[PDB]
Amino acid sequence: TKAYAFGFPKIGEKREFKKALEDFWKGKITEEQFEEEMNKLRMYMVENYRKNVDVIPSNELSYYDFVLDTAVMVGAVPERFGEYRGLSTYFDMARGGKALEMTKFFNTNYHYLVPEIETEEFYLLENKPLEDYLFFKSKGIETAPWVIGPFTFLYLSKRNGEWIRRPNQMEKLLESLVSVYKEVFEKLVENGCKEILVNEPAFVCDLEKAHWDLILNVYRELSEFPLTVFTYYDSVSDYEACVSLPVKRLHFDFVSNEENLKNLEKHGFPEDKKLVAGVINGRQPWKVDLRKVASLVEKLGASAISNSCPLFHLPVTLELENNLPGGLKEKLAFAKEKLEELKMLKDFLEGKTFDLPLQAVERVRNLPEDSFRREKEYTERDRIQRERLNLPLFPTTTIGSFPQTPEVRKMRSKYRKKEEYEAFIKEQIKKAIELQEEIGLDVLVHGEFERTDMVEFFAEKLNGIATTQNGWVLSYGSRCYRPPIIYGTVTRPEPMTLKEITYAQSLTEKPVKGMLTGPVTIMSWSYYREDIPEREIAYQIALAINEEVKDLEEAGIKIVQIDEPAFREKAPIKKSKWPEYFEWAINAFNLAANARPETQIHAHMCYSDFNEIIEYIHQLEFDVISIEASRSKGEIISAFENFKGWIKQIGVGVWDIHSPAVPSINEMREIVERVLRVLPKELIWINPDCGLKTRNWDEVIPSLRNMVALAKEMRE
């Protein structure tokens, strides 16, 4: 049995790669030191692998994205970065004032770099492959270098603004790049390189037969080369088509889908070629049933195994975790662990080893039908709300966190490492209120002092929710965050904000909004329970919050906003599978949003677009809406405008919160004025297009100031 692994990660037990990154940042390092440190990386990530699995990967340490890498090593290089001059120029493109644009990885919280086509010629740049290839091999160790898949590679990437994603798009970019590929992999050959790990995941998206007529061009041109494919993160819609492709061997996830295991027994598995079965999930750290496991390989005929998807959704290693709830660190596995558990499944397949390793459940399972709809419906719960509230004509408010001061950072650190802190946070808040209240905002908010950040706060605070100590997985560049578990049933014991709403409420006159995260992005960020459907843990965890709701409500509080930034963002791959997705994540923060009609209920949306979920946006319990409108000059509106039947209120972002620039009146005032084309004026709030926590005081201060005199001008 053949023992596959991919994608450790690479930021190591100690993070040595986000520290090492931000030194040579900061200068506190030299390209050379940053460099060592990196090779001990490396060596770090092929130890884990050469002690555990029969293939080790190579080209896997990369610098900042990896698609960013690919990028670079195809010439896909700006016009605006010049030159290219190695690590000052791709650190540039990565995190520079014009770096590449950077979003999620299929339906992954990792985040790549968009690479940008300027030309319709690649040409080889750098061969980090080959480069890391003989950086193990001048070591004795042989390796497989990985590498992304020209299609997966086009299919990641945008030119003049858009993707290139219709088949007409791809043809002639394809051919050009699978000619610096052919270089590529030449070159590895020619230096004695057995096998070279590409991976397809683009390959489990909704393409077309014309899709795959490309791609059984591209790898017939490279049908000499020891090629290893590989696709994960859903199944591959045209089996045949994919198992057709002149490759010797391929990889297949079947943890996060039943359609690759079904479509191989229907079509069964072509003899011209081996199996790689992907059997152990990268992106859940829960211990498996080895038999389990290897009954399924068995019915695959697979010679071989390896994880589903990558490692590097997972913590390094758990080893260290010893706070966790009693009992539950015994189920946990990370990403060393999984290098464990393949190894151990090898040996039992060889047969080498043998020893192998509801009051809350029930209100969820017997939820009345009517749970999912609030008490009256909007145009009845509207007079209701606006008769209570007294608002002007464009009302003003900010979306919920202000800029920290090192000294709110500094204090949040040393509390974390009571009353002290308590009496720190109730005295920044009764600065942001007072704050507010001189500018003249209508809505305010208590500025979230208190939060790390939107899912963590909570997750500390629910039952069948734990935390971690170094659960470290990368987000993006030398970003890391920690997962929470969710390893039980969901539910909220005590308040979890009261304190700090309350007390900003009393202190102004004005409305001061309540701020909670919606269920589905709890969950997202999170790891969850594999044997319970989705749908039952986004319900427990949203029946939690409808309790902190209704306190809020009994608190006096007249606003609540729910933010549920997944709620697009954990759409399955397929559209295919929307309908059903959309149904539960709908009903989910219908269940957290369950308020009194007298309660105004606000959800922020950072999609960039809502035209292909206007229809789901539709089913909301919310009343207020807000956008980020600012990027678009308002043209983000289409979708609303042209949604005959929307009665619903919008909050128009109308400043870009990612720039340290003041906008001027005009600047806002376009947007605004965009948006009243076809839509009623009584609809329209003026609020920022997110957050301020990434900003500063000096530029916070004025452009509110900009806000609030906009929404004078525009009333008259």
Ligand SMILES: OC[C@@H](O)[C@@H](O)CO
Second form
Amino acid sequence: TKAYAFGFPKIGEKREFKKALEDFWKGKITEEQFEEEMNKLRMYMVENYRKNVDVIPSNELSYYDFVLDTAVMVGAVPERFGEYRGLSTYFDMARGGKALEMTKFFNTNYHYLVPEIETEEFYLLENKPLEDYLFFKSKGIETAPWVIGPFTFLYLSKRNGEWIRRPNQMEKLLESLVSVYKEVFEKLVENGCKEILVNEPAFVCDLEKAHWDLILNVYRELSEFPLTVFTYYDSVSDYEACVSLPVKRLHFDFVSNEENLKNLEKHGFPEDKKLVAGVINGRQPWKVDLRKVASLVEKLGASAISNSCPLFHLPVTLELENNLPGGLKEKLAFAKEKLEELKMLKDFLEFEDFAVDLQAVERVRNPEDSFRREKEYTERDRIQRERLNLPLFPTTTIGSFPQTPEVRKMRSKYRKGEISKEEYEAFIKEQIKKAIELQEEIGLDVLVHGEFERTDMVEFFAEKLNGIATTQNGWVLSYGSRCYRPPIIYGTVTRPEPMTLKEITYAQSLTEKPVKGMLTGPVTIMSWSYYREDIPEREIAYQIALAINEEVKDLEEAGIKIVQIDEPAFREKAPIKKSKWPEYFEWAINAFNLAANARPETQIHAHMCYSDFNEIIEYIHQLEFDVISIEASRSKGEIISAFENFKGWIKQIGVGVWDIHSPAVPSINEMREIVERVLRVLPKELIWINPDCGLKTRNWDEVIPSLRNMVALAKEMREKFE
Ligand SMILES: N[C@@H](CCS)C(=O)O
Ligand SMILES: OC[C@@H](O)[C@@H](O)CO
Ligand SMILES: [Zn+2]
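If the structure you just shared is the form solved without meso-erythritol, then what does the corresponding form solved in complex with meso-erythritol look like?
Up next: the whole complex, starting with the chain shown before.
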């Protein structure tokens, strides 16, 4: 049985990739030295593949993004960049003020760079897949170039600001594109390349028959090449149509869904091609029963096997993770150990009761009114307004404030244990007190504690929740040179003790103005983490939801009038197929309402970072919040159209009027344009004024003046609509 593997992490066991990248950018090392560091990573990867699988991928060490590489390869370099000079122009397209837009790669935590097609004509600008081939060739190693298929490349790109996803939009462009590919392939085939790994994950989106008619012709023109196509993240939209493509080797993801299998054993698989069962999950870190897996591969008479989806979604290795909770490590498996499981499967082909809180589990299993707030919005509204006494067009912020390097250095010392709880506790309060006075002096109406004690919105909570563990070196690539260690939800989730009361209560005792409670939603917490697969995702979300609700009662009991639940993954966690959204939102909505099941007089705020709400608004309407903050600066308020077009919308809206990803200071005229836009249809008493999002990434010198304008804006605004 032929064993395949792809997506093995490119970062290195010590994140040497990130270091080489940052050393080159800062000027600490030359391109030659950079390349040397790179070539070493290449050997590190091929070495791991060789020891476990039969097919060793090639062209996988992207210096920033593989979609970007695909774009450079076909000549898609925006005119603003001039002539492609090399890494220099390559990094200009990846980072900095002229860079391509970045965004999430399908439903994962990896971000790619969006190509911008400015001409209908593509051409072979650079054959990176051949370069890399001859490279592992010189070193005496045979590799199968790893490329992103032509259909997917276009589907992940834009033209004149719009995704290129309708069949009429792609048709013309594709013809000119496959020309570059065929050209690339022939060259590979000439130099002896015996196999090419083509990636078409876009085959799993909700495609029209017309898409397939188009895809079919794409692959007819490339039929003379030794292509092996892979699909993952969900089931392919048209099974029968997919198994008809002019390809001899076809990969399927049998882990992330039940449709591929069901389809394959209801309509069968063609005898003119070979199946490569993707049976090892590349998105979860759990050790699996290679038994029941061998049974699958056997019953399906699959000729090959491989991981379901890329392995770059997992950490490099579990080897040194020896500080994990009791028994956890024994059940884990990261990238390298996934490669080892494949080998064990090949060779053979030739733990549920863990961490459980039955009272918690049962608690979840058992009233209905725990998902519904005792009163309807219109009633809660009256009370809250009376309690709050806020002015018309009340101003507030999203939560975090810039971080002094001292703030950063100190929070790390507490983790490392260098200082004591008391000493860190004292430091944070001085940071909070300083923040509260500044905000009061600026003129804000509703204040926040600054989140100086939090590394990030998910990690902070993972370390305080039972059933969730964090790793030491489990670093995963997000984009460019930035990595993140995703927590691991290994058991039933419960909160042992209050997690935020000390800072929130303290912050509030220093002011007569309302100080927001600051929580992260249940979906977002699991969206950024790995979690158990042996239980419905809905259950894990409910467990975390209960944990957060318990925290909400504490804040209320303590006298906090406003509580904010950040739920930016509400939409991001959503299935890739919009057709599978119904089921998903059902439990995602319940999880949020369960977490925000507060008393009538507690004003709940929901914060979301989405650039557009037209496709989920019917789902948002169902969340029992009292106000929802949104990022309206980029659209200059136009993002409000989904709200003003929603019949019967009556909830408050935190209009983001400032783009916190740019260090610039939004002028008053600037912020007004947006507010004015939002006041076109919606009642003035529904509007709040705030920044697009949190300020943890900005600097105080840019924040103070921007905040002053924002307060100055609301002042003027109140004078008008007096
Ligand atoms: N409370 C967080 C929200 C991030 S979406 C912040 O203000 O940074
Ligand atoms: O249908 C999937 C699309 O919306 C993007 O997530 C692909 O990256
Ligand atoms: Zn945000």
